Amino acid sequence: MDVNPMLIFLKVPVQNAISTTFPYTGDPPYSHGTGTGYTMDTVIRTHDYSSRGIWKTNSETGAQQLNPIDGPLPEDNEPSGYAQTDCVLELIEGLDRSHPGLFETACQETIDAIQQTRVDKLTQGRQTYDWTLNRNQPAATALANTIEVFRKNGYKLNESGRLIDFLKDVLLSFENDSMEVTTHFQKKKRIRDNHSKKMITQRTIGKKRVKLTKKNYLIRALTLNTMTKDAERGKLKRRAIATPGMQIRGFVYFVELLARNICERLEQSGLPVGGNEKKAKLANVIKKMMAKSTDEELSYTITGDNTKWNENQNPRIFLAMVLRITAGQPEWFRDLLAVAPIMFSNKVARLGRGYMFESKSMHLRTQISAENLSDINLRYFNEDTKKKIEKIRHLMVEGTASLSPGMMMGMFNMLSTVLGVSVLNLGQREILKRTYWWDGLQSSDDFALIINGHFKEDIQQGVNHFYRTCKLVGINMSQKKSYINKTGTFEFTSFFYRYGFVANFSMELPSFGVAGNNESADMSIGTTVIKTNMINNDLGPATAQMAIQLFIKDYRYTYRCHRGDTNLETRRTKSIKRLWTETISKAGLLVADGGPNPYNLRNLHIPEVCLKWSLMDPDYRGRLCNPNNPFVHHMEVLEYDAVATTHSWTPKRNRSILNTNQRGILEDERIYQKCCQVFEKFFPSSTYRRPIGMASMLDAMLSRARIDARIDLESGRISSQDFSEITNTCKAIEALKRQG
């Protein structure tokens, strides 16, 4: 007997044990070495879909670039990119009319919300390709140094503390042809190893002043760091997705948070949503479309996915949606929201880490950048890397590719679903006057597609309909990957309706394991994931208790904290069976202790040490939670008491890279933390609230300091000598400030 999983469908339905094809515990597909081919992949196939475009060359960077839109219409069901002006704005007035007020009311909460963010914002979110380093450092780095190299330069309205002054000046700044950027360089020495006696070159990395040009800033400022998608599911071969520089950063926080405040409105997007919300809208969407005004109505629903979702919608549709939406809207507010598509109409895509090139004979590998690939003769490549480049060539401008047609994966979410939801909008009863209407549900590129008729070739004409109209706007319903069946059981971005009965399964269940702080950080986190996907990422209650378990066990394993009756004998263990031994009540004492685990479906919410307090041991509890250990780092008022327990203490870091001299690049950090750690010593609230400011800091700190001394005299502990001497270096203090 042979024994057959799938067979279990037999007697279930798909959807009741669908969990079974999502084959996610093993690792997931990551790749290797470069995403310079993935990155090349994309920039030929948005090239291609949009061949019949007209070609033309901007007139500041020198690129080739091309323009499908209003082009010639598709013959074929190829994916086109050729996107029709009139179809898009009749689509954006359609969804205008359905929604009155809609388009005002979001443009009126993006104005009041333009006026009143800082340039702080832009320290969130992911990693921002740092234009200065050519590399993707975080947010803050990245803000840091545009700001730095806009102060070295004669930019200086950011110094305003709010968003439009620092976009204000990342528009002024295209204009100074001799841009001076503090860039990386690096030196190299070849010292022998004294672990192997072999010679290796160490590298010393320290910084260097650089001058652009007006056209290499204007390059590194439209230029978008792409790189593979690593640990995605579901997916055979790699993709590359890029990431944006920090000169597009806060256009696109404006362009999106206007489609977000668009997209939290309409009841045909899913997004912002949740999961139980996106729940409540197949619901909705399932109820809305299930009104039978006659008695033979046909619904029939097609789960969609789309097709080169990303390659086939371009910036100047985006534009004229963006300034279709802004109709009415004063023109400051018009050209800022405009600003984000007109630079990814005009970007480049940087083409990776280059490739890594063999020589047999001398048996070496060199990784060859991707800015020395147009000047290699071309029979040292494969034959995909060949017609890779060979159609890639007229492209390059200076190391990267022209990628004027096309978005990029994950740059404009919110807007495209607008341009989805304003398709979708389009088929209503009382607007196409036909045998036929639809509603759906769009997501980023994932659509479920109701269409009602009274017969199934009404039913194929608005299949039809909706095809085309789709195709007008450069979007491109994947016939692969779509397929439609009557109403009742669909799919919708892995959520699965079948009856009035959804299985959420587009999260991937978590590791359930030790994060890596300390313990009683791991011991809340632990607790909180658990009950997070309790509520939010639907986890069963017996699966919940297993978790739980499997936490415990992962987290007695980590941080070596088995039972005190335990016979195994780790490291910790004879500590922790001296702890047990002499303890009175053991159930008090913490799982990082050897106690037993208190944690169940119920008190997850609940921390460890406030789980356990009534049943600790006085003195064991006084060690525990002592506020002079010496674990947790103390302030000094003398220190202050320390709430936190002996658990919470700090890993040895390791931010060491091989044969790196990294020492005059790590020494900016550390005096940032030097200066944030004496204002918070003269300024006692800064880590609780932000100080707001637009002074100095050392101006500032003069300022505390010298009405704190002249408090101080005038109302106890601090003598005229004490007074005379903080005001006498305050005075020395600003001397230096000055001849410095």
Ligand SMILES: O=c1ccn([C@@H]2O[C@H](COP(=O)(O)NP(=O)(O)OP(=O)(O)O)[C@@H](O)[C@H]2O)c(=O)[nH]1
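Positions refer to the first chain, counted from 1. Rigid core here is just the name for the largest C-alpha set that superposes within 1.5 Å across the two forms. What changes on going to the form solved in complex with the ligand:
Superposing the two forms on their core leaves just one of 252, 368, 144, 534 with a Cα displacement of at least 2 Å between the two forms, namely 534. Remark: with the core as the superposition reference, the CA shift of residue 359 between the two forms stays below 2 Å. With the core held fixed between the two forms, residue 500 has its Cα displaced by at least 2 Å. Core-superposed comparison between the two forms: CA of residue 52 displaced by less than 2 Å.
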The other form holds:
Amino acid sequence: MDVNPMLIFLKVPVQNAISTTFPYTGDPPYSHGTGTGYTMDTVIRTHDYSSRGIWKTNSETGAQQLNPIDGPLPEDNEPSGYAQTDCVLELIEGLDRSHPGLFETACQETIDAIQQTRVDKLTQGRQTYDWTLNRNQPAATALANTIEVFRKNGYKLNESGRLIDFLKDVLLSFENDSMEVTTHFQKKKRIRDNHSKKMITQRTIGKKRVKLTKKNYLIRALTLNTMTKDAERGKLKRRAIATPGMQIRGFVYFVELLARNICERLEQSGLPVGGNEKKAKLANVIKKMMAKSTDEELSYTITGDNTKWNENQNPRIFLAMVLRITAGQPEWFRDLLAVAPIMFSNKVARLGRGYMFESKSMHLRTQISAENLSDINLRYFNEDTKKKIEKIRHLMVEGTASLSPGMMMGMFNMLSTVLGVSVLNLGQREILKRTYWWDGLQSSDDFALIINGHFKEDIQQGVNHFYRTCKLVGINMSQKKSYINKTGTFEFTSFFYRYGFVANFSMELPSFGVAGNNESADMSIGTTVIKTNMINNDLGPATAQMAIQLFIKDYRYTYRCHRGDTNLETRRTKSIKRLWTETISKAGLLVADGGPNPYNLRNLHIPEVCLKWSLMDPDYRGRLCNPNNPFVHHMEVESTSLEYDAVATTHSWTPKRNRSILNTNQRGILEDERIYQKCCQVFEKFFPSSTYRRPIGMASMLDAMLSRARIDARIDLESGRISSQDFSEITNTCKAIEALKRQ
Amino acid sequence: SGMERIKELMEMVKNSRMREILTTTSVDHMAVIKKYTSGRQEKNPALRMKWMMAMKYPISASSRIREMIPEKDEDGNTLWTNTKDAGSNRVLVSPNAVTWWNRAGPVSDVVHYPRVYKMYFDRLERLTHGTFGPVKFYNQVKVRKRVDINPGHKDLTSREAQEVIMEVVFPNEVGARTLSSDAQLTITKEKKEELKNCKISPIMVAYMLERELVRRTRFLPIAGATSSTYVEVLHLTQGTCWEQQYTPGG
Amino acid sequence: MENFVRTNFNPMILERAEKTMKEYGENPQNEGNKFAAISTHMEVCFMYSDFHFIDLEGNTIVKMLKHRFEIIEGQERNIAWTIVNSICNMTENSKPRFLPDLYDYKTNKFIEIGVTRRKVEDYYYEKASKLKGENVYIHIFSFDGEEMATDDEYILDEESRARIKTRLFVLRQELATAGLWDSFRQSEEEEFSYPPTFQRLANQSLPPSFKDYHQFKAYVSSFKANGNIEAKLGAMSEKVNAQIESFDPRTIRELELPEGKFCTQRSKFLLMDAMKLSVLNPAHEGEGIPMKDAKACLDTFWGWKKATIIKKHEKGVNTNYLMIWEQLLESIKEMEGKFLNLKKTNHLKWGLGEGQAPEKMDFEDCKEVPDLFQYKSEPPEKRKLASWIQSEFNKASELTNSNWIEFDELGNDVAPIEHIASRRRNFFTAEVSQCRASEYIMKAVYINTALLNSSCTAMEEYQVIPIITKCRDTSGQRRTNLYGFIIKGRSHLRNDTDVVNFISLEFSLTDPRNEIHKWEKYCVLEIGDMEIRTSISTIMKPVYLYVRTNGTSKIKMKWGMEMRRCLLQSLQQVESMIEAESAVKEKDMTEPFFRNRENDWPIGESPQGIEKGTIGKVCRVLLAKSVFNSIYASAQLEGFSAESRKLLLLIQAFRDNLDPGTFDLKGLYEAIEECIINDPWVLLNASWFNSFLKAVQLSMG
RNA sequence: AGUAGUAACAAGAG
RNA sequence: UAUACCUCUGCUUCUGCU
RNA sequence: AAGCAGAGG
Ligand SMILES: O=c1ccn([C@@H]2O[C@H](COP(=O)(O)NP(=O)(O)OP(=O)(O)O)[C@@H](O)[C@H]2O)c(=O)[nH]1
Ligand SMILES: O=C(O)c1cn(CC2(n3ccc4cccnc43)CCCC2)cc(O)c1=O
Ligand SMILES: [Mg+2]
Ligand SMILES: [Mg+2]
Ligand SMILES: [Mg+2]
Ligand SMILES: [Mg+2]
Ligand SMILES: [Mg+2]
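Instead of the form solved without the ligand shown above, give the structure for the form solved in complex with the ligand, please.
Let's see the whole complex now, leading with the same chain.
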């Protein structure tokens, strides 16, 4: 007998055993090496779906820009980016007519949130393309470098602390013809490694001042650096992601804030709801569309995706949508929300790290960057890269590729959701006035579309009408990834429906394990993961007990904290055995201290220190929860040396961090981080709430610290807590500090 | 007193780079310059903890552990070593030092864990004196409602409770706003009288008051009652085909 | 204006007024009368505050003392609110609703100071109407000379008030002589514009029938819908349509599997062909040390002979593999210690890939090289499905006589649902712990854990890692099993996809000549002879050693260490199939499922037809499926699963009488068959889907 | 050689 | 020259180490 | 309030 697991679907429905179709126990596919080929594929597919447009040379950057808007109508079912702006404006006008007061309320909330947003909101991002260093940095580092270069060049509106003044500085910096930035250059020396007697290259990173031109600064300000997405499930081929710089992210934040305020009040939107709220919204839409019918009414659901969603959106369509939604608003608000589609219409894509080249007669390999890829003869590339470069060459501008159509991966999620929700909103039966109508839900490119009609020909006419109306606005439905059946079963962002949403436990399977923080946080993380999967993802109680057992196994093997009566030998066996022997009540010892596991089903919501607190020895609980804990951080006592008492146990320690680059001296650029940390630590002594809540203020740190020191000295003098000579010495120290900052 | 911090500011203002930073960075821009990093970032901490616990010193703690924890064990294990910089504020620690502190460190008669995490002890007291009924098997109709996972206070909302916490713990940095309610003033007076001469760090005090006062809500599938004492045991009382009859303590 | 204000006032007053206008958003080079008024208010507050001290007694001495007034005006607003909050928290006063100008420590009063060009009584009543409800002291000054305090009660001395009145009178007369006094009494919006470079950028971000950004903005602001969608749909071709093709699984074809050579074994260890040297109840001098347990297992086999190459690795040097095994056995026979690092010989350097990378140099030094060619990115060669992987999956779903998974202790069961879960978990453990896939889990977890620890601790050493598992019998006795050895290469792993090479040498009793296409990557030697005692007879079978060079990465070792999640993927599904029954019968259906072998679930395909099994067989089959998903993880499997899930849902929607339809089934078949290249598990899953489709077609007749 | 798959690792910037 | 954006869920309050 | 982790698009 040959064993076939897929024959379990003869007896069980597919949705009731859908977790067997997710092979999520193995490693996900990763990308090896560069992502330059995927970036070139993205640019070639973006210029191929828009190829019947107008080519214009930009007068500011010199980039070849392709305009497919109001081009020829599509003649086939291939993906097209020829969105008609009049149909887009008609759909947004119908969306405003179906929801009176929606756009005005969303614009009013966006105006209220523009006046309150600060610059450090831009530190919410992750890896940001830094135009000063021509590489990716964290968002706070790239923002601090941008602000330092703007203040060194004379753009100091961002000293007010508001985001909109930083955006004014961004738009005013384009008038500078010579931007003086600080880069990171590299010195190399051939030393000898003593561990292997081998000659290596020792790299020393320093700082260097360089002058950018006007066009080079404008190309760097419109640059999206492109990587490749790693650990992506469900795909065979890889694709490229993109990150913008700091000159784009504030405007993109404001546009996405407005589009989020629009999407929060639309019933046919899948954003920004998620989890159980999105499932309840889908179930309510399906119940309203399945109940509101007659005796002879047919209802069909399309589970629908879209082919190349980010490639076929257009920033000019987003500009028209922004200018139509903000109708009647003040013109500064319209211009501020119009900047980001204008910046994305003139965007460029950094091709990445280039490619690796190999010489076999010399037996060497070398990484040639993208900026040096244009000066290589075509016979040195392989066939696919040669075809890519021959298609790419006319779009090259200073190491980057011009990309005027497209929006790239996930840059305008909510605005594209608004564009899809308008096509969903068109199919109201009191407006369409036909034999068919449609409802449903849209989330980015995923859609569940319910067409109701009287015959199957009416359903076919409704599907054709929705498909052609989506084709009018640059939305290309994937004909090989979408399907249609009767209403009662569909799929929406890997949520499977069969008269109610079924569970998919395998998707939450990588969350079961050891998180890797310390011994205290990981136990609570594991127990709460098991509890949350019992609540939400239909994890059965026997499998939950098995998950508790496997987590205790993984936790004891990860931190080497096996029980005191075990025979395994690690580096921690003797001390844990010593703690096990001299403990009377061994049930009160933690699992990290070699104690037994106390968790069953009923107590997963209770932490381990509290659950074992009544079973501990007083000596063990006095050592474990000692307020003189040397493993954690102790805050210094404020002016109201001596430190505060620690609450957390000794298992809340800090793991050792390693930030070293191989054969690289980084001490020339690691200095200012330490000086920033010293300045923040000396600020926290005067303002003890700065770690709990973000402090605000336009004055400098030194002025705030001196004013706080003076007022605290005066209050402590006027309360019997400090002497008069101490007050005089504090005020004389503040006066000498004020004298030091002027001479 | 307040003279040591201003003399440390005097020592730091003599350095020209520190003076330029303290005179050109605002309080708003300190949130930007605080998260400033320069080297490479450590990704995938789970795998890093998998291989790093096999090494000799995976823990980094302060220098005061050289005065609280000895260098050697009774078995001969090295508990801490210094780094490659003479006079740093950080040394490299072995987990045998954690085990030595848990088996032979200084015993403290006072602990702050039952006071700071009093909500979890309330949960344990609610579970221990609970009553379990029989398990009944039938198809559960779970409605994904929005229920409270933290009840908070009966008279406060979330923002009012956060303003009460900011008034109690950090009264000199509340800014321009004032407590515009009577329940805010009464709870502020009571929590200020309860927290006098408290040697707990103020951030831990603020998070204890945040667990006590701020109401939290989540979207959960509910088959039975929606009270917050039943939301905390939602994994225990209901599933997909069964229902555990349970009455909490109190 | 601006020049008079700089010619009169001190630089402290000008700096305070400039910082106040920078805080509120103005400039002295534009607004001049407001700058002069802010400077005048600042100088009046400074004259009110200066030369007023409090000595050690407490009375106001006018000249080492302390100031009588705290200046709140001129500070930044958060600094000023910090000062006001600290003052209100020192005393017992209520917080003022606005920021006042001074604080008097002697009178303990907040002071609001106003300098007006109008009349004193009118401005005083206006500021009292603005500041009503609190005890803020109000004092109003004017350029005429008159004043009005709070209820005509003064707290300042007459000399200081006379100096303030004299200064305001002199400033008023100098404004009269300067000709700027007429503009002062008469004076008693968010903006965002485009700079011209960004304006020229805005003019090029439009639809191509527009030349200016403001023209397009006026077009969008004045747009009315007049049937543009209906006209554009009447103008568009009829070829652009979403025609629904009806889905019928009786009419669809099967998946087209690729052709070529047969698929090859690519696991990191042997599976059905693995032999283990075992010690029963170990109690030697290092029961727990891996190399000592390996030597204790090697000292149970006495049939060693001279190793001969009986199956060559066709792409490699097989004498190097022979010398590697000779060096490994000789170094084990003379090993002293708890670990073993092999000497870096030439054959071991060949087998571990030492020096195979080209030397990485910078492009600035490699410009004159006349033969720099790009790395080739060729697609993988297609392979035909062979029948060994079905035999592997058949053997992996079988019960063994050994318990391979030990589970940790739980808490005590108090709730009745905990007792129900304990009974169901005991049934799951009785059906799943004696499985061959559980042994594969333990082998993979041990190999990946030891390889990761050795790769991160001994990066330059050629460490020997034995393949050791530990199991219990059906009576409860311990048994330590050795499957072979792993020689780790150099492991300077920086990227997550960086490959550490190793050499795996696994014991076997399987002749590779009977299925040589399974072993393209292996070099199989004949190392021994074992007396195999069978039931009918007793023969002497040769013991082979399968030797191959393999490689792994840190993410692959990370996911190999977490293969026990496979136990979570199977037993969550089976329990759901229990619970979906338990909601129907209104009782716990665990014991009717496990204690009544009625053979209910289809899992097999015989020549007689479709075979059914019990629920524990389903447990073992789903466990083996999760284990083989974890072992043979690739991008082909991910793409094939994600693209064949849609066809499974289409077949299910047909069986639910929901009338399924597609829009491009040919493109769906192309997307499925694109992901079927050379992995044997993906080929086996494609054949499994074809068998399921044929069974669905035979079910509908 | 091997890992592997549209480009890399097979040490010398992660 | 190197882990993007958006949303949801969960945990912690971290003082930075070649 | 922020950071980290997981999932989805
Ligand atoms: O990891 C992700 C996944 C999806 N997305 C965003 O979600 C959009 C749709 O998500 P998608 O998965 O459907 N990708 P798509 O571009 O439509 O190509 P395909 O369906 O294969 O023909 C994409 O175009 C991205 O904009 C991301 O930004 N990051
Ligand atoms: O800011 C205050 O508290 C304050 C402000 N005025 C209004 C004017 N003024 C003076 C400084 C200042 C700063 C910002 C806005 N208006 C400001 C007075 C002259 C022109 C306007 C008057 C007082 O008497 C005050 O006490
Ligand atoms: Mg799509
Ligand atoms: Mg999608
Ligand atoms: Mg004032
Ligand atoms: Mg005033
Ligand atoms: Mg090769």
